[PDB]
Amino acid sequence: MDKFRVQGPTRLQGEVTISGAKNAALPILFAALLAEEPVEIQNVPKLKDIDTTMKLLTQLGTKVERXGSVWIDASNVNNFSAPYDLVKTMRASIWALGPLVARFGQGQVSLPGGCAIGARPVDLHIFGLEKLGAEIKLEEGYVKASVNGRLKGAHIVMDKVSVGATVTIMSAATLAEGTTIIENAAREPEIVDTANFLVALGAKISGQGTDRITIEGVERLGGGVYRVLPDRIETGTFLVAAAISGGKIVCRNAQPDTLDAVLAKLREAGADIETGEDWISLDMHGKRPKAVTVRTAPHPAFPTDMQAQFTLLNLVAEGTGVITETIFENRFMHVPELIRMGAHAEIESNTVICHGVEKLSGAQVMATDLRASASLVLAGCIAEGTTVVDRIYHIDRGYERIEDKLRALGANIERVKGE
């Protein structure tokens, strides 16, 4: 049971090279199930979720190898199930369903149960598949999808903006007969990425990145080489790390355009930001951040994955900051943890009201969220004394070598085993 032992405070200074987006590599790996020829996916981060996805793929009969790239050979898929033991550790596993039934006519994925973050049903995925002509049943806790022949293109309107369902439907539609239109599609950069990967394979897609995606199904998808875009959440997290430590940093291998809301918020916090084609620089000039007000919502608005990070910022900022969550209404586990470290805040429904304090004190805290829990490690870097973060296996799922990157910035951090 690994733990991080963090000794603060530290001014974070230096450079970080941004990893490929975990959230683009995932949907792309599942989408690779459609490829009839070998595929090379470049710039894939090394983290737990990629391990789980590789494991799931191998379990289907996919040939998998990795380093910076992940090589996929789905020529011999011979198993069509994603078991409970696997799905329970990573709900994103649901993405295996669409490609399976679209290409093979059959797929069975354990129905995801509860997730600590909040209510996260996959009704939209199933709805999308059915509209495509798939027959779906629930047996023994398994979602069983089937179709005799090809799926069928359809005009679908989304009851909610959904990253997951948009990917399920979009992916499955590339092999359908006819044209599919997804109305009220999610606009996330990862969706544009996945679509581009599909297009590189031979798929016909347009509108990716807009609220309206159109797919013209083809008979088969080939193979190819595709480079995954930079991780916007990793980038935001590092920018925040610098901004709350009076620091200075340059992010390499970045994609500024995927970060508008976060950059504008950092500027409001008082950060001096410059951007280039593939880089972002942030300098606090040793200043304490200014509290900001944030509202999470579908891309390009402020993302829920940067939420806890900004809550932290608000917590050591000057002034009252307010954070409202409209995606995962209960994604506030980090708050009582930070309050253990001396922070001040009240949760009213889906909103956290922050009362910035001058300094945090080191304490024992518990990670629970693969993205938001990074805020606990960030807090440890600027808190007075020693902070011990328990359950880092969560963070291991969403960040490539977070200790290494922080350490290269001056952080005093140690991975503790057992003890």
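Basically, rigid core = biggest C-alpha set you can superpose within 1.5 Å across the two forms. Positions refer to the first chain, counted from 1. What changes on going to the form deposited in another entry:
Rigid-body motion between the two forms puts a hinge in the chain; from the set 87, 378, 95, 19, that hinge position is held by 19. The smaller of the two rigid parts, set against the larger, turns by 12° between the two forms.
Given the form deposited in one PDB entry, state the structure of the form deposited in another entry.
What follows is just the one chain, with no partners and no other molecules.
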């Protein structure tokens, strides 16, 4: 069981190049199944799910190869059944369903085998595809979706805002006959990037980023080159890394417009921020951060995926600040780990009251949440002494070489084996 042994305190400053967001690459890679001609997807990080996706595609007959980018030739996809073995490892597998039925008339993917009925997020995808006119067969724990001829554009009203369903329906719609309208579509920048990728390939899509996306089905999609957008959460993580340690950092290969809320919130924390076309710099001028009030909400509002990091910011800030989770629940579990490092905080409902302290103290900590865990690593970097963050594989699955990037900013960090 790998883990991170950190030594603090260390001022984190310098530069970092932001990787491509896997949250955007994943939906794009599966969207690539629609491409009749070769596609070069640039700026894809090297993470477990990317490997898994490449294997799954290859086992569907698509020629795949990578490096900084992943090259895809889906001109000859001839197998339409996603193998259980690869599918079981990730939520993104479901995305191979829509493209296959839309382009080849058939797709089969295994489904989770819980016990609860009317919840399985996967159900929206199945119904979304049925709305587009796919015949659906639910048997032996899987879904076999198919259609005779092309799918038909439909007017779809999403009851729940779903990032996953938005991608399935939008991707499938690009090859349907007619127009598809998705009301209450997920607005995430990653949706926008997937929309833009499909457009780059010849699709007709507008309204991405808003509450309703409109797709005008076309005969087929070509190929080409497309660059995955920067990881806005990785960016936030590092901006907070500088913001909580009196440092100054510049994030390269970044996209400022996906972080209006986070940037504004850092300024309120007292950060001196400048942005360029593809970079963001943050300077604390050696000062401690000033406590802020945070309210997580749907994009473009403050992102829940930046919450654990700002919680940490407040715990080491000047004053008191309350982080409110307006949407999710049981989201402050990493907080007791921070308290063990000396932080002063009270959890009350969907709220955590933060009382900044001078310095945190090294301790042995662990967090199952990816972001909560990265927060524990930044905490270790500015804590007095030695901090040991366990089960860091959660971080490895979402961040590309975080230790190398942190070390380059001044952190004393070492990965270790043996449980």
